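Shown here is a partial selection of chains from the complex, left in place.
Letters A, B, C and D name the chains as they come in the text, with residue numbers starting at 1 for each one.
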Amino acid sequence: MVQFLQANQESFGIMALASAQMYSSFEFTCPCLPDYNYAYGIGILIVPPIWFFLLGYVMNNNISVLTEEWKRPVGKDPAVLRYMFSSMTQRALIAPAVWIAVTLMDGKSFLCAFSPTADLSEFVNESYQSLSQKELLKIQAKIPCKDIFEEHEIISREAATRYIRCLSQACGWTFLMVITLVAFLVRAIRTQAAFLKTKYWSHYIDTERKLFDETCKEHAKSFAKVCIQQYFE
Amino acid sequence: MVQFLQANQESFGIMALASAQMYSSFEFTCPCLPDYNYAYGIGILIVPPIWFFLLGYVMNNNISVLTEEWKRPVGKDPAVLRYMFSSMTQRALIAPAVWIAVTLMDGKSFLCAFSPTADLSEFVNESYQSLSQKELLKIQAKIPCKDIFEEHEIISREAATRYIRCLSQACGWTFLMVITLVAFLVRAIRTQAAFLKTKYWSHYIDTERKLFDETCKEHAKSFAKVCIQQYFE
Amino acid sequence: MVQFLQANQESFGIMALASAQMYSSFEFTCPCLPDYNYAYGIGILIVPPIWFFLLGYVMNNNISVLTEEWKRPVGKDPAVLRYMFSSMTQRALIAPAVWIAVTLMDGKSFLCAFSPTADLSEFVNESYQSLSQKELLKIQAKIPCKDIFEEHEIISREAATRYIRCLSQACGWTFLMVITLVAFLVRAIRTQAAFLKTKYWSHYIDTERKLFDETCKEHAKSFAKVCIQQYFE
Amino acid sequence: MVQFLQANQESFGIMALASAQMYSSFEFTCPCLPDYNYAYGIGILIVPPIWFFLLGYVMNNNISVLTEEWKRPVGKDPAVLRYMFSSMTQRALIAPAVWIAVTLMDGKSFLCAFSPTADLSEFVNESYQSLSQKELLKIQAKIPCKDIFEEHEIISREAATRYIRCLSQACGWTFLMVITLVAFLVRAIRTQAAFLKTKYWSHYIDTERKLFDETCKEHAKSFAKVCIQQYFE
């Protein structure tokens, strides 16, 4: 909370804090069922970033012109469309990456998902060191559920929890490193004139809108003054 | 809380935070009665978005002109009325969608509603695996009520709670995805001149109001100066 | 708390947050007596909105002119008085409505009031299913008092509490819907020239006050400069 | 706390929040002694508003001129003194009223004061329904002291607490209503030229101070420039 606010202050690239806060304000609840744990985990991992990607796409006020150009046979930039589309895509990819990083550093989804299948043989008590893995499926399935796990005589819930959480944090750090390296290479490589042409078209849109609102003002002023004569009368 | 404030800061499309905060500051209380659970759940789900829709309609300062035009036989735009009405409607639909999304991601209403009817056969203890569903109605009815559920010997309250809550979260995510796709398609499709005409009428209203207040100022200045002569005397 | 602050930020129609915060910062205490519960409940429900109505009336800086006009036989607007008075009244009605809505959504007053009389026959234990209603008066009277209700062997306090609270929330939602519909109809119906005339009189008041303060400034400047001569001496 | 800050934001008539916050940040401690309870209660009720009244008097920057005029036999306004003095008094009365309202709505002082004398015959256990009122004095005296009241076998502390607190809240609401009605009548009745004369004298003071500081500036500039010649040397 305090951190997201601080990030916002620094900013004062905004959907990042939106995703972070939405994750922190989300009631994560592992169903703790052997048939659905994997589904729920991978779902929390995969669906929200997809939705964030779409949301980033729609909130961009120039998708309309992209569709317009992709529609015509030959429209009134042979390639700036590529450039502006790729810039929009790059802008959009921030929130899903942030969501994945956050949900991995906090090993909740990983714990929910890989709890039933993973091998925890050093954690299972030595007494029940020999029993059908189908029962261990049901048992380990309840591991991320504090109020439900009632087999302290068999498995230490806390040890396994810390184990899988460390695994998740390691994966999250590797993911962050890979993303940072890719971003570094991209900025170190990248296409010049298209940027100037899009700057031109942007300034064109701005001056068109401002001229239009000004001429609307001045042309409505005449009508206003004509009709306000009776208003005094 | 911290999240809503952050969203407001980002904004600095406002009723969204209003709806979110109103939900968070709402004492949700499932009656935990077999005759009314469904009613209360679906009510909390359906009524508040309807009220929010109406509220969005009334708070818009141009509904009056819409009624005026819909009233006359032929008024002084043959179709911009369609356009401005649809834009108002689109502006209004935000808050109900936000309310539904929030109340689904937090599986409270879903839990209250579908608790008595849904089949929880893996959760009911094996001892009472055979008993009239009418008794299970009363029993499962109390599931969302922590302080009231006194049948731990029959059903695990926590397991069923997590189950139905995961179901609710899944439904909420699907709803969010569908809404986002629909919004994407709408922005990718959509009617051009009507926008310019409404821009014209807006500028007309603005210049009319400003000219009126200025002429009121200048015409009252004469009276003020005439009457202030005795004020010095 | 966080919500009221957010509402204030959105605003930046102010007494609404005042009423909400005053309710949240109010020590509601049901006397839990069969003779006074009804009185206290309906009082908390009815008196504060009346006081808020009066407060809204007095804080409006143009009530004086309303009294002045209502006093004279024929004063220097034959009907704008109706208009400005009704606008003041409409401005004033916000806070009482907000108070009623808030105190109904939180079923405290309803619980305190209708606890002794209402019939709770499914909640009373089956053992004491037959006993004089006068004793049940005293017993149910203590229901909203956690620290005082000492008859768990007779009535479940929590079940009845949730029941009556759901009733209160339903009533509050119906009230909100009715108020919203009425507001929608009012804005959809409503008297034109009176608005312009009141705008004129307002601008007149403004220019009169500004001209008066300016002439006071300039006429006191002479005296100031005359007397400051000795100040240097 | 959150409420006082919100009130301050609305304001952005300031001593009101000062009094409210000072009450909230005050360690109220009922001595729980039959000889002093009444004294302490009425003291907390009466002394702080008197001090607030005095504080409002002194903080007003024009009390000096009031004393100056009340001192002379005939000073250089035959009656604006009445007007400005009454306006200062009205400004001052806010904080004491706020303090009384707050301390009554929270029935602490009332409870401390009227605990030993008031008749609580329905609350005293039936076993000790007959015993000298002098002992009940000592006993009921300890009622507002949670950690000290050790006679649960005789009197329910919570029931009596709620009772007297409801009484206090009722008295506070009546007080608020009376004050609001009086304010409404005052604004509906009230003396015109004195206001303009005080506006004149205020503008006179302002222009005198500004002319004085400006002439000080310009007359010191000469000296500054004369002495800065050696400063370069």
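We adopt the following convention: contacts are C-beta pairs under 8 Å (C-beta built on N, C-alpha and C of every residue); 3 or more make two chains touch, one makes a residue touch a chain.
Sequence-identical chains in the complete complex of this entry number 7, based on the file rather than the 4 shown.
Convention: only the chains that are shown with their structure count from here on.
Centres computed as Cα averages put chain A at a distance of 43 Å from chain C.
With centres taken as mean Cα positions, chain D sits 24 Å from chain C. Note: centroid distance chain A to chain D, computed from Cα atoms, is 53 Å. Contact of a single residue of chain D with at least two other chains is seen at positions 196. Taken in their complex, chain D has these residues touching chain C: 2-3, 5-7, 9-10, 105-107, 156, 158-159, 162-163, 165-166, 169-170, 173, 176-177, 180-181, 183-184, 187-188, 196, 199-200, 203-204, 206-208, 211-212, 215, 219.
The touching residues of chain C, counted against chain D in their complex, run 1-2, 4-5, 8, 12, 14, 17-18, 21-22, 24-27, 29-33, 36, 40, 43, 47-48, 50-51, 54-55, 57-58, 63-64, 67, 145, 147-148, 212-213, 216-217, 219-221, 223-225, 227-228, 231-232.
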